[PDB]
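6 protein chains.
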Amino acid sequence: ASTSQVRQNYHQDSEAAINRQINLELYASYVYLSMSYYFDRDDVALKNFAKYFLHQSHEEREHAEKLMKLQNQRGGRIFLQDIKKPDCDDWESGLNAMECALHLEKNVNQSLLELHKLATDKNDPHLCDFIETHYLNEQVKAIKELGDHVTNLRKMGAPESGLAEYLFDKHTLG
Amino acid sequence: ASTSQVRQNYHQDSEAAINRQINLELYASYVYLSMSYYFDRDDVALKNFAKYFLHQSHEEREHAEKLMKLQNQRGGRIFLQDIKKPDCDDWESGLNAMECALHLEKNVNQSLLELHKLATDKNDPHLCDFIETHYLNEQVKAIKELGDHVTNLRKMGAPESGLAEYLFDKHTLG
Amino acid sequence: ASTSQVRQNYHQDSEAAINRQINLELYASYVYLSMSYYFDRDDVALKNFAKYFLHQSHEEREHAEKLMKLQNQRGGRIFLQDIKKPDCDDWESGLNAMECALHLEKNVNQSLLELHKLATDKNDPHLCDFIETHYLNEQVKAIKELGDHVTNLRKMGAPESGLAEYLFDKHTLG
Amino acid sequence: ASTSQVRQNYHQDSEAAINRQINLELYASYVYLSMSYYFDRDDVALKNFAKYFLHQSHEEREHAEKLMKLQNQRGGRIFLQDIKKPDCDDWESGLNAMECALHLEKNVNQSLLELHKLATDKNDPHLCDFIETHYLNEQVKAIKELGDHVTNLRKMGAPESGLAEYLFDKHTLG
Amino acid sequence: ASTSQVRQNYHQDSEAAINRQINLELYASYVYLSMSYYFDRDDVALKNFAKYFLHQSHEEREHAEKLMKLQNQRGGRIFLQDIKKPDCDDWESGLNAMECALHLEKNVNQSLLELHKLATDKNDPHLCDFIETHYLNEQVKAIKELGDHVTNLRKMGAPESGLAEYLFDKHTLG
Amino acid sequence: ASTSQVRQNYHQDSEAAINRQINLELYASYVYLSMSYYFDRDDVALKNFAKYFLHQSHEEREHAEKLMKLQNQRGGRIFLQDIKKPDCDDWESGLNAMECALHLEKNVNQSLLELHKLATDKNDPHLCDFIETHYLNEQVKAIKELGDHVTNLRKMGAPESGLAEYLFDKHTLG
Ligand SMILES: [Cl-]
Ligand SMILES: [Cl-]
Ligand SMILES: [Cl-]
Ligand SMILES: [Cl-]
Ligand SMILES: [Cl-]
Ligand SMILES: [Cl-]
Ligand SMILES: [Cl-]
Ligand SMILES: [Cl-]
Ligand SMILES: [Cl-]
Ligand SMILES: [Cl-]
Ligand SMILES: [Cl-]
Ligand SMILES: [Cl-]
Ligand SMILES: [Cl-]
Ligand SMILES: [Cl-]
Ligand SMILES: [Cl-]
Ligand SMILES: [Cl-]
Ligand SMILES: [Cl-]
Ligand SMILES: [Cl-]
Ligand SMILES: [Cl-]
Ligand SMILES: [Cl-]
Ligand SMILES: [Cl-]
Ligand SMILES: [Cl-]
Ligand SMILES: [Cl-]
Ligand SMILES: [Cl-]
Ligand SMILES: [Cl-]
Ligand SMILES: [Cl-]
Ligand SMILES: [Cl-]
Ligand SMILES: [Cl-]
Ligand SMILES: [Mg+2]
Ligand SMILES: [Mg+2]
Ligand SMILES: [Mg+2]
Ligand SMILES: [Mg+2]
Ligand SMILES: [Mg+2]
Ligand SMILES: [Mg+2]
Ligand SMILES: [Mg+2]
Ligand SMILES: [Mg+2]
Ligand SMILES: [Mg+2]
Ligand SMILES: [Mg+2]
Ligand SMILES: [Mg+2]
Ligand SMILES: [Mg+2]
Ligand SMILES: [Mg+2]
Ligand SMILES: [Mg+2]
Ligand SMILES: [Mg+2]
Ligand SMILES: [Mg+2]
Ligand SMILES: [Mg+2]
Ligand SMILES: [Mg+2]
Ligand SMILES: [Mg+2]
Ligand SMILES: [Mg+2]
Ligand SMILES: [Mg+2]
Ligand SMILES: [Mg+2]
Ligand SMILES: [Mg+2]
Ligand SMILES: [Mg+2]
Ligand SMILES: [Mg+2]
Ligand SMILES: [Mg+2]
Numbered sequence: 004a005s006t007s008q009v010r011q012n013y014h015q016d017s018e019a020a021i022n023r024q025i026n027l028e029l030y031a032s033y034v035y036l037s038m039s040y041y042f043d044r045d046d047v048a049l050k051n052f053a054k055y056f057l058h059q060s061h062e063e064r065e066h067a068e069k070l071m072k073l074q075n076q077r078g079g080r081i082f083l084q085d086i087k088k089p090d091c092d093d094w095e096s097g098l099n100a101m102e103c104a105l106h107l108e109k110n111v112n113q114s115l116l117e118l119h120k121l122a123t124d125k126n127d128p129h130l131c132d133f134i135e136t137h138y139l140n141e142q143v144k145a146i147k148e149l150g151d152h153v154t155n156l157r158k159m160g161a162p163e164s165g166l167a168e169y170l171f172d173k174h175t176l177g
Numbered sequence: 004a005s006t007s008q009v010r011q012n013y014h015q016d017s018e019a020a021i022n023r024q025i026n027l028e029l030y031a032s033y034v035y036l037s038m039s040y041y042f043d044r045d046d047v048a049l050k051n052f053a054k055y056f057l058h059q060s061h062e063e064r065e066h067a068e069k070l071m072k073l074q075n076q077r078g079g080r081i082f083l084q085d086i087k088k089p090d091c092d093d094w095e096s097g098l099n100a101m102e103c104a105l106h107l108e109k110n111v112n113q114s115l116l117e118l119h120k121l122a123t124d125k126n127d128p129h130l131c132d133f134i135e136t137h138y139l140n141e142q143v144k145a146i147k148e149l150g151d152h153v154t155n156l157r158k159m160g161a162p163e164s165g166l167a168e169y170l171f172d173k174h175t176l177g
Numbered sequence: 004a005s006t007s008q009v010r011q012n013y014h015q016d017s018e019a020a021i022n023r024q025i026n027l028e029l030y031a032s033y034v035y036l037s038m039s040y041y042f043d044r045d046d047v048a049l050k051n052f053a054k055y056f057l058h059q060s061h062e063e064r065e066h067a068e069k070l071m072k073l074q075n076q077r078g079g080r081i082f083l084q085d086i087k088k089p090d091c092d093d094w095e096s097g098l099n100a101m102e103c104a105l106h107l108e109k110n111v112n113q114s115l116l117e118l119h120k121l122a123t124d125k126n127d128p129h130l131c132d133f134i135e136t137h138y139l140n141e142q143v144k145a146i147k148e149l150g151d152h153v154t155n156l157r158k159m160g161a162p163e164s165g166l167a168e169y170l171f172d173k174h175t176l177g
Numbered sequence: 004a005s006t007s008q009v010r011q012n013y014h015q016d017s018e019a020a021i022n023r024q025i026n027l028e029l030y031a032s033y034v035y036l037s038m039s040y041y042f043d044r045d046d047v048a049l050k051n052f053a054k055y056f057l058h059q060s061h062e063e064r065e066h067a068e069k070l071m072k073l074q075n076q077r078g079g080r081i082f083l084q085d086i087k088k089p090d091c092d093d094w095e096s097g098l099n100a101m102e103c104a105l106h107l108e109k110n111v112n113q114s115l116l117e118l119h120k121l122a123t124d125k126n127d128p129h130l131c132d133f134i135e136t137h138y139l140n141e142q143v144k145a146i147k148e149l150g151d152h153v154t155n156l157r158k159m160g161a162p163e164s165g166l167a168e169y170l171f172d173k174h175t176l177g
Numbered sequence: 004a005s006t007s008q009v010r011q012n013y014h015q016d017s018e019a020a021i022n023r024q025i026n027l028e029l030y031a032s033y034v035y036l037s038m039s040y041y042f043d044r045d046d047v048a049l050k051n052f053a054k055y056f057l058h059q060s061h062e063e064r065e066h067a068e069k070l071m072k073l074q075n076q077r078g079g080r081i082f083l084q085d086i087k088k089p090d091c092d093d094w095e096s097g098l099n100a101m102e103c104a105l106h107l108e109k110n111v112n113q114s115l116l117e118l119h120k121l122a123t124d125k126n127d128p129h130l131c132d133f134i135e136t137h138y139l140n141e142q143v144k145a146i147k148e149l150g151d152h153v154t155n156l157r158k159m160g161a162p163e164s165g166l167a168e169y170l171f172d173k174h175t176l177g
Numbered sequence: 004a005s006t007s008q009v010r011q012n013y014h015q016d017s018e019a020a021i022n023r024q025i026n027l028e029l030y031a032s033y034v035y036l037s038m039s040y041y042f043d044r045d046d047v048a049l050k051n052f053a054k055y056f057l058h059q060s061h062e063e064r065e066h067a068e069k070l071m072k073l074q075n076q077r078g079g080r081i082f083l084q085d086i087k088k089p090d091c092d093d094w095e096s097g098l099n100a101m102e103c104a105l106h107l108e109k110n111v112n113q114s115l116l117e118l119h120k121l122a123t124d125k126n127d128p129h130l131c132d133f134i135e136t137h138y139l140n141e142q143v144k145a146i147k148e149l150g151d152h153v154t155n156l157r158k159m160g161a162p163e164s165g166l167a168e169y170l171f172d173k174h175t176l177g
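Protein sequence lines, in the order shown, are assigned to chains X, A, Y, V, G and U. In case it helps, UniProt numbering puts the first sequence at residues 4 to 177. In case it helps, UniProt numbering puts the second sequence at residues 4 to 177. In case it helps, UniProt numbering puts the third sequence at residues 4 to 177. In case it helps, UniProt numbering puts the fourth sequence at residues 4 to 177. In case it helps, UniProt numbering puts the fifth sequence at residues 4 to 177. In case it helps, UniProt numbering puts the sixth sequence at residues 4 to 177.
Chain X with its partners taken away, still in its complex shape:
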């Protein structure tokens, strides 16, 4: 309807892209939530994996909130969609979950880069800076950490070695 009194240099496409990204961040939150409680099962029982993915879940929820804040700051209107359940109910092993987290973070990062591209094409430097400042380096760090974790788990003998996942749990995530 009529324009927001605050809206300036904020393209409708960018508004819609921010609504999509909000959904994605909430989806990531939900994936990490599912992973966490997988490690809390009595037949998995890797409680530092569980803590680690729980913390990641809460961070994703903050990423979503900051985008919702941003939408309103710029005078867009938030439109929420269903948060899809994760692909998996069973995440298999410590290694497998880390690998899927890595794929998830690379996908979120690709979405954030597309979003930056759009912002760039619509000459929205405030939005460019927002993405750069609060999102892009956060993704690079998260991706590098996950790569590091996957590498160690593999080198240690995961997923075959239940010993390896147990010791990684204690020494890296603990």
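Don't read these hints as lab results, they were simulated from the structure. Built from N, CA and C at the ideal position, the CB exists for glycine as well. Where hints are given, some of them may not hold.
[As the list claims (entries may be wrong)] Per the computed footprint, the stretches of chain V lying under chain Y, defined by three or more beta-carbons under 8 Å from a beta-carbon of chain Y, are:
(1) 6-19
(2) 42-51
(3) 83-96
[Claimed, not checked] Taking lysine-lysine pairs in the BS3-like style, the calculated list, with each CA pair at most 27 Å apart, reads:
(4) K173(Y) <-> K158(A)
(5) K69(G) <-> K120(U)
(6) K158(Y) <-> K88(Y)
Here the structure of chain X is known, so what remains is to put chains A, Y, V, G and U with the ligands in place on it, guided by the hints.
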């Protein structure tokens, strides 16, 4: 598949009901999230309403987590479903959002009572106690608070009086 | 005359644009100064409006100083111009002054976006980053705050309700 | 229009003279601002001169604010005018800027004495006392300090001796 | 060989440019190291010049390390090259060394701007932001400081006046 | 050219040998730097190896600085040369890097012993004592530590056992 080594006196129906309740708690989280950012809009701008519903959103997420913990404690398996978006994108007024929160909490409470009934019919006193201890009185308190809020807002002249919602924001939620 | 020993990748156009922006920031300072003392009049007497716009005036003066610092950092030369008096001597009401502050901040923001465009066209990433870092989000925040304030004042019954402006003074600005 | 409910023994001429003096104080603020950033240039680079004139600039702005406060206290109405840019963009040397500051403060003092004369002729002892209390001795002190500074700089060999200005910067202003 | 599991939107050209910049930062470290110990000679004996350039040397080494960190973060592979010795063994005077430091920092800055250009052409906003955030303003500050120092030394009578360099040593670098 | 006013009992050969040793210490610094960031790669990811070699790199740089200090103390003149890149870009494994560090420290030690021999042949007891005091026992300690590390890694099953390097990382270097 084969039974959990921990599972004892935990009926499959109760397991499924706990998975439904987890979805509902996450749905409630999402409703309150949507309400919160509605009050953060530049054309609504009731920042204590926004804080209040944000805090409610985070509490719902903890309610969901405790049920996920419970599922595993008892040796059930968590099965997550889509978190539906809320009915509304636009919550109209402070009064209207409080009213919808009240309806939401009464629905969650009805689900929790049904769940207690099932637990009772399957002679699961641990599950009865869990629900009683962490959920039922929490719902009674939340419902009474919301009723109190709705009552004050109405008595003050909401929703017509923008003054009333502004002062309720400062004095009750502030 | 001969080039600054420090100057590198700093186009003359960008130098001139920074001198214009310095004038604008000082002009904004002066507007807020005028508004402030309007609320200090014995026939207006809204002392938190007065404090609020005084603080905004001092911030604008810091924005101007940082641009003057920047000019010298980059090896440009500051050229100062008259600081025009504000459009208004009489700002009418709390609501009207907030509305004019909103229009002022949107104009400053448009100038800052034009300046970013120029910096972008002249491939000055240091200048891009400067603007992004210290100016653009500051404008988005200031604009959103003002929108929020205008909205509340309107909803409360301003400008007709002298009660509304008095209570906004105490509860939001106080 | 109709008289201020607070106005008593405050002649219109005095009201107008206070509006002129407010402009002058803001003009002085602006001169000192310009001088300050001159010393911040990479080809001047006397950072304590810069600090010293910056502090003087901020003080002038407070002098202007106190006169604006006074106007309202007495029930006059503030009428703001353009703040003219300074005579100079380039202040030449430490010595030259101090000399121009001295001339500026003697001019402000002459205006303040004229203003006192008017106040005296209109039998406004409150206004007499205001000027005496917050302005006249402040000017005498500022003038004597500047004279002292000019004298030292000259005795040291300024402006020819770049060494002299550098050491004055460190030892007197530092 | 096969791609890094972490690599995303990171062009080979950018990877190579980061390896070049790492060499340059180490080269800058080495220049400042050489300058420092020049001032530690018994026939030069300006111990605050020596401290100042030593600190600059250590900072350059940190700049190099952060680029090496960045390379790995992004999934590039570090390729190190010889660190060339400095042009000079004998830096002549305080003034001459400052002048050469200024030329060095302007060259590093030109390399960093070229690198930003490449990053921009390959649509790598994370890399753009990295450069902006940790490098470009650091260069602008370092260049302005050096300009300031060169200016003072010249104004004081350097390099002919051994007195001037000695007093600059004590008062500016001390 | 003409002799240093401070120079006494300091043979030109010793002066040249100290310049060579300075190059070697910087070369060692550079080797350890390269090793460190190898362990920071996402496909190696042994962050305590990385810390350990980084710390060794910084120590080598201090060893180089103390020799540069010494050169000037004695009235020699520092002549810097290119710092060659390390032999390796890829250090293979934790065990392999430790082994190469051991070979590096034994080479530095052989150079330091040659240098002591020269100092002895030129009857420079101050230089003898310098080497003894700040270098020789430091090398013996560093060599013994590295031997200890290599031994443990081998006994643990390195380099085949990625588990072994991971646990050594946590327990010995951590
Ligand atoms: Cl727009
Ligand atoms: Cl649009
Ligand atoms: Cl949907
Ligand atoms: Cl980082
Ligand atoms: Cl059972
Ligand atoms: Cl059953
Ligand atoms: Cl579903
Ligand atoms: Cl109770
Ligand atoms: Cl009230
Ligand atoms: Cl109150
Ligand atoms: Cl230029
Ligand atoms: Cl140009
Ligand atoms: Cl003008
Ligand atoms: Cl923000
Ligand atoms: Cl009167
Ligand atoms: Cl009169
Ligand atoms: Cl005017
Ligand atoms: Cl006095
Ligand atoms: Cl890539
Ligand atoms: Cl490529
Ligand atoms: Cl090479
Ligand atoms: Cl800065
Ligand atoms: Cl002195
Ligand atoms: Cl000798
Ligand atoms: Cl000899
Ligand atoms: Cl060489
Ligand atoms: Cl020992
Ligand atoms: Cl342990
Ligand atoms: Mg994270
Ligand atoms: Mg995220
Ligand atoms: Mg589905
Ligand atoms: Mg950019
Ligand atoms: Mg950042
Ligand atoms: Mg609640
Ligand atoms: Mg609940
Ligand atoms: Mg639907
Ligand atoms: Mg209870
Ligand atoms: Mg502001
Ligand atoms: Mg501003
Ligand atoms: Mg005019
Ligand atoms: Mg920022
Ligand atoms: Mg003063
Ligand atoms: Mg004054
Ligand atoms: Mg004019
Ligand atoms: Mg008297
Ligand atoms: Mg007095
Ligand atoms: Mg530096
Ligand atoms: Mg550098
Ligand atoms: Mg060569
Ligand atoms: Mg920055
Ligand atoms: Mg060592
Ligand atoms: Mg060594
Ligand atoms: Mg070679
Ligand atoms: Mg010893």
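So, going through the hints one by one against the coordinates:
1. 6-19: Contact hint for the segment 6-19 of chain V vs chain Y: holds, 3 residues under 8 Å.
2. 42-51: Holds: 4 residues of the segment 42-51 of chain V have a Cβ under 8 Å from chain Y.
3. 83-96: holds (count 8)
4. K173(Y) <-> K158(A): holds (23 Å)
5. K69(G) <-> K120(U): violated (41 Å)
6. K158(Y) <-> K88(Y): violated (32 Å)
When the structure is compared with the earlier hints, violations turn up for hints 5, 6 and for no others.
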